[PDB]
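Take a look at this single chain, the form solved without the ligand, given in structure tokens.
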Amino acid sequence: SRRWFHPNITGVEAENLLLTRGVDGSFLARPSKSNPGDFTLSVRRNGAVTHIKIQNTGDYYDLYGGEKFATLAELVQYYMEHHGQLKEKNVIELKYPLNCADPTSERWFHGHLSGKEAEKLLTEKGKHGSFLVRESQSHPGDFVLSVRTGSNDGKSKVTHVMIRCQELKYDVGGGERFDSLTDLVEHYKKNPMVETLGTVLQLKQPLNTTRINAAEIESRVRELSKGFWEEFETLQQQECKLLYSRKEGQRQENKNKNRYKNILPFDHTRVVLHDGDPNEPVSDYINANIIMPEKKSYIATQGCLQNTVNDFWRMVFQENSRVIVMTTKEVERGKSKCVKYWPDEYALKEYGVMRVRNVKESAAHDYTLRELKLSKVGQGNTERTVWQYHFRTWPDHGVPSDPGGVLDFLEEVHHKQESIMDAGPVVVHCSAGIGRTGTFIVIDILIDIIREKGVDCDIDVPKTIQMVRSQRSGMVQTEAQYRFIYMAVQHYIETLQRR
């Protein structure tokens, strides 16, 4: 549960840790933090340590000599159930996570902070059970837990519990001593402290530090620009809560419908296909999830494979989708990212029981718009227009350094969807359907709030990303994409304050 991730460990410290505190099968993961989107899996085996690279340029975690994964937590779960499935070039067993005591990626850790300022944040932002952990000021090396309990009529109060750090363990001046503030905090989360006159110091939710008023996005972005990385990693720590089942995707009958064997749709939000061919063993599966913002909904999906094109059009038809956003070229760096599932301009093709006419293509600077007509074969009166917005100039790796083109594209996709009465969800796809796809959907959700509520409204970027990540694994892949979400919204609000 993400304790195996050390966000501030050096390579030599990684080896030291595993040789002195670990055994054969011990492992941890770490950021190789001079080229963001590089990580290392460090693993003890035969009394030596081996370092395995994981690369993420924005579409998935690619473990050298292993598989592609939507999240580091999913990667670790996979190998901890599969001994012998990971091997070097000439097996490498992940057995025993080596736990990090670093508190820096916990939402509840504010580190740098004073008591009166911690009180004012809880007074303004906190509710009953809202808490944080801060460094002491009055006692170098110690920490303080501040908690809100109970109009400022005095019905609520803040309590400050001193946390002693003695000889590499933490305690509250009595009882158990813990190896980390996480362990302390987890324990008193489940076994709350009670003051002698009976107030239960329940730790219910950390204090929100991420929610901003969209009016002042420039201020946050400039503050995050000195940071974005610490906020992103805090968000990634919470991915361990999102290991929901994906058993439909793992079915042998569904294996060849997944572009990447281990990047699979959550059962609870998967798109279920009805009206399928009897003779097919399983005909209800596609690697797609419904994303509902928590109104315009989305389907996040992978690029079609040659054998899933028919399924893709079953899905568009059944869900009544009228707009498709394609975020990759068909081919990038010489590999297929999405097969061509639409006809050439003016042509008409049948895709199993579905029929598609390419009525007109219109080329813009950064994208092409294809006006497609979709109908079920043999059934007149089923025809509807589906608008495919195919963005063409996104970089092979990384993100654009200016969001002006994505924003223009997004505005036009939004206007098209809104113009169609009763349209169903907007289909959004890239290679695996998690990185680019996730990034586009999140920017679209945040920006819709500002479309409806105006510039003086509350947004919360990592809260929105967690909500969409509970509906499809690993939505928004990299810190680069996370920063891009911030820069896009900013660029949106800056053009709005203008006109």
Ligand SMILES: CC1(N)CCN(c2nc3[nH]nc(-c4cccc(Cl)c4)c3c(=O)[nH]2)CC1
Second form
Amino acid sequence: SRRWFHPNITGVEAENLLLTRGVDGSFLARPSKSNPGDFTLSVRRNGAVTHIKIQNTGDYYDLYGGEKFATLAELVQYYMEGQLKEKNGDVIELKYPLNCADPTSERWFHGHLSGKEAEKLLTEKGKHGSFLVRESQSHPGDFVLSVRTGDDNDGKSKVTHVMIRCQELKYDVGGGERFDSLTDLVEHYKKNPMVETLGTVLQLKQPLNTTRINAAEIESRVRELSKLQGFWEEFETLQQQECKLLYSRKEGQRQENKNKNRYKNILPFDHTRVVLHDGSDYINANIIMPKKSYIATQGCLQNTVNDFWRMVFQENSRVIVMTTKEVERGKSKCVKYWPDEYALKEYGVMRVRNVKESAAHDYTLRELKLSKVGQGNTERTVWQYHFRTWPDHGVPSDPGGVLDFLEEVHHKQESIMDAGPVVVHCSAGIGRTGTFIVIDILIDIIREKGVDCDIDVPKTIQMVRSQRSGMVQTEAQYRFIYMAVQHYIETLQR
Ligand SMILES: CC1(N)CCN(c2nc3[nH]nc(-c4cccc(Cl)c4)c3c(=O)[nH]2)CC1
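Form solved without the ligand done, so how does the form solved in complex with the ligand look?
Following is the full complex, with the preceding chain placed first.
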């Protein structure tokens, strides 16, 4: 599962791997190291290696010659389970994933860690089933499998250390099968746990949590992740978990809804999709939640504007968040679904009325009045916040611009009690849309609790990714999330 992604590798090493231990059809995904949002799909074909470029400017994974996908896993699953081909007839086959042996992108692997900290973190934050793998203390090359077992200083639990000999580029626990990587060793003993001779089972339930910190400790944790980087290693470890999020998207793949998606492969999950009553029922949108919830949808197509306002009306949405311009990178991202100032336009049975626009520095607020065409139908105020400062590529260099944009959107949601979920959307609705939702979630936690409780950015992103595919796209957006939370704390401290 996502073993085909080699995080620490250059192009010269990928050509040697596919030509040495790979056959025709063998493929791997490698990240362009110092080029942001540039990935390469290296496939062996006709004895040579073909490198297909994948660009991610912060909105989607753009595969040259293919389509646009939410994650690399959905990119791989789509061609191993459509088809990819060059501009000149010849087809490219994705057949055999060339597995990676680098464990630095795994949650349980720490490395250069001692039994002092291993037993310490497993005794404080630990829980029955928690485990970790660290570089060996006395045998340079080996590793130690520390497992906590039992209950929830009563002599209840314990920490059993399991030596993992590393010999001949294979990993063994000192008896039996010898695996090609530490991941293969942990995955084998996750299914079939070890049993000590006296009847205790070394079950590897969940990895040890090390990404949760106090919301006042945010300035230090960023300083540790800033340079040796920890930001990159903590993000790639999050990326290695997206293969667990390949859930069914059948409703988005139906022939009745092929044209209702701006990108035919970036589709909503079935278990969280937004269904539309009255009238079809489809719209590329998902329901996000941690109370206050969200709706994350794509940029409206010209044949989905009527469905967009049926969603806002039926779900009783009073706040809309637009995080992209009308046209960016020379291509259309979101059609104009809102009337101009001091005007009214009718979208199907709905009616939107622009009362007054307020042009701020970083965004534009529009006071809209939504109502269905009917006799006793009264309007209700829907506020559209249009963030215009966000650059075409990457993230803004100042979190304060996005910080002021969120707390103002937040206060508009409190002004209405019967309000529903906030509608956040960009181009595909996964990149900036995901970054805005996660930051607001982590901040809504902070403003309610203060600065004396816990926050977990990696767990929050994975929790949101399980509701819509590929939320928070690039590592720049991941780092910007920490900066926005760090910046919100800084204003509360003063
Ligand atoms: C030293 C080191 N090799 C291991 C720890 N480490 C890390 N990086 C992560 N990124 N994302 C997550 C995550 C994903 C889903 C749920 C949860 Cl609770 C966390 C995560 C995580 O657990 N550890 C940094 C690198």
